[PDB]
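Missing here is one protein chain; the remaining ones are kept as they sit in the complex.
Chain nomenclature is as follows: A, B and C, assigned in order of appearance, with residue numbering initiated at 1 for each chain independently.
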Amino acid sequence: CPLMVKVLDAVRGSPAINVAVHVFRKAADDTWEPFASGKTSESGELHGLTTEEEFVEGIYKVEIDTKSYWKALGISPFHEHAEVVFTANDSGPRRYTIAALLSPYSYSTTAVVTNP
Amino acid sequence: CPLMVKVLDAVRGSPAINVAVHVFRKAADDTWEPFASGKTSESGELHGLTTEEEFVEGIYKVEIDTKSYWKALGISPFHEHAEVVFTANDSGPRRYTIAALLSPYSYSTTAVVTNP
Amino acid sequence: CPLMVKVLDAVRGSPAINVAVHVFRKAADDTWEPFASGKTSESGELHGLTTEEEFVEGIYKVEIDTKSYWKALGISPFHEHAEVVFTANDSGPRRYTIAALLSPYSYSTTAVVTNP
Partner (left out) sequence: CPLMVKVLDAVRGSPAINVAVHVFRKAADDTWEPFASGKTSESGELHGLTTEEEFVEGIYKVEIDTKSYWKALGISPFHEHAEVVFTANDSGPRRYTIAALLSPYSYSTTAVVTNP
């Protein structure tokens, strides 16, 4: 699994479940073409977005719909979304976990990049 | 000063100086119009981007050029940039500090919103 | 597994491997009695610290030896360690993951608390 997204909730101390996640790849004309999407599981994880053949070098964007998550919990959020943009596979294919820790007025994001 | 951006370096425990910051506002036709730009000072802060009169209700995007900051230190970081997108002033005028704390493979961002 | 500790490295974008972790429980005379210890695995995780019978209600401390980790990488750290202190099981037993995301001059820590 070359790309996994994990989302955590810092208010409740839990996985952030049912969070919508959309992934894009930058096109040659600098626009964002859709690539994959899903919703986080009960563990806060979204697996199966891509395959190693399809996940070529490129610039990728992961947009996490944080606003809808907080609205569903009845909590006022600051951000419209949380976006993570990164160049992938520049030194060979890697396994990427993009993690985000959400609070209503703040988020943290990190990448765990491992070599299979 | 209705909008201030502050950037910190979590590796050195310092302000992140000379970081380029570009601010955009969403126009009525859903495109991103350039709104203001600048670079962080020796304190890691960027003041003077806008005025109370100009900073009307809207959806704003703050793009922080984190990649160039790390590259100038010899580091190839994970993220292309850090973007913060938020609705401003929808309950009346507020003062916003948008802060980002940078590491090569992670960042955190928070908003401090006050009512003068 | 009632208690797991996970440690990530925000500089390298990786699990933080071989990090020493010590766990204590607060004694009746308000001193910290040793409870368990280990080192993080190649996945940054430390499992098997306790059992559900032994992990009774109480105040627990997890001390993560961040300074030794950064020294082993040749990077100057700020903190002596990262400590997490929390009351456990106050509403019944839970499964706790204590996670820490490390940078040389900053860390983040969160708890993911789930009900089996």
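Just a few scattered comments:
Operating definition for what follows: contacts are C-beta pairs under 8 Å (C-beta built on N, C-alpha and C of every residue); 3 or more make two chains touch, one makes a residue touch a chain.
Summary of contacts with the chain left out: across A:10, A:36 or A:88, the touching residue is A:10. Residue in contact with the omitted chain (choice from B:2, B:15, B:58 or B:93): B:15. On the side of chain A, touch with the chain left out of the figure occurs at residues 9-14, 75, 78, 101, 103-106, 108. In the full complex, chain C touches the hidden chain at residues 59, 78-81, 83-87, 90, 103, 105-111, 113.
Take chain B: the residues that touch the chain left off the picture are 8, 10, 13-15, 101, 108, 110-114.
The rule is short, and it goes like this: only the chains that are shown with their structure count from here on.
Inter-chain spacing, taken between the CA centroids of chain B and chain C, is 33 Å. Each chain gets a centre from the mean of its Cα atoms; for chain A and chain B, those two points are 21 Å apart. Averaging C-alpha coordinates per chain places the centre of chain A 25 Å away from that of chain C.
In chain A, the residues that reach two or more other chains under the touch definition are 108, 110-111, 113.
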